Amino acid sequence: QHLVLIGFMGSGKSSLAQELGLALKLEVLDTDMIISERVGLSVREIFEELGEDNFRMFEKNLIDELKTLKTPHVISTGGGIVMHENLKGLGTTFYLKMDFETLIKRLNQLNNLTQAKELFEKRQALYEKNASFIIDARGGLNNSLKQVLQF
């Protein structure tokens, strides 16, 4: 019953979450921002100062915490959130699916993209394992929004 958006950073999750919240009259949460606000450091400062182990532990526990909310929320999530076995059951999960070339274009706001593409294929497989629905993100925000509402 929460509507959880998963996928790569730069796919459009935050913007889609905001629109979804408006369309459905739902409050919107962002897991990276909640963690950042609890610790008082930015996500990058957390990784630098406190280490990824701490970040991942905060993320795992926050997943548990949100499972206790009674009212449905739209939840956007960090790219690594699918590493957690407990993400399953948080809510209905939508993978905002962009092809690699589009995503690299969006992120760009000698072997070069080989490693990026390996990381892409491995993380995409985890997004799909964890998804209730796959949204085709290639048509832009409104087309993604339309899919979610129809689904």
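Positions refer to the first chain, counted from 1. So that the term is clear: the rigid core is the largest set of C-alpha atoms that superpose within 1.5 Å between two forms. What changes on going to the form deposited in another entry:
- Core-based superposition between these two forms leaves all of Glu52, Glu118, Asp64, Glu37 but one with CA shifts under 2 Å; the exception is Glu118.
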Given for the second form:
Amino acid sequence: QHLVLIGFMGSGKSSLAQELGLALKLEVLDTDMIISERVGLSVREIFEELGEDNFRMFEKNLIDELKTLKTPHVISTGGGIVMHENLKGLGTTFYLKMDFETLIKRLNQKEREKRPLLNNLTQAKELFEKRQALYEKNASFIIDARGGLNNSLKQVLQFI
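Now show the form deposited in another entry, given that the preceding structure was the form deposited in one PDB entry.
Lone chain follows.
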């Protein structure tokens, strides 16, 4: 049973998780990072060259794989990780709740361009709207990710 951060693009998982693992002396994993590196392509290049369904298969399979990990880990998650039925039972999951506009504001241009599902913003907005219920139903605890990192850190630690 790990500590799994979940949240739409730009909700600050990757760095939170890194802070969390330092404070708790646990190993940090990042699902995008793991797939990226096995396949030797960036997530964008994966979408572009191999198509989203394959990325989705990689994601879906890493879920199952990480369940066979022994040591509690901190695990940072890609936006879309909540679409997967099998996410249930991986770890106590912490949802980095923000609102579309705050979320978007803090991704510089280069940084948006790393995320294929931000190519069309109107579409990015409906995705947010749809994903909301999938975060909520996969969340052990909901965290107000609006303030700084510490403020999200504080809230997470409070839930042990």
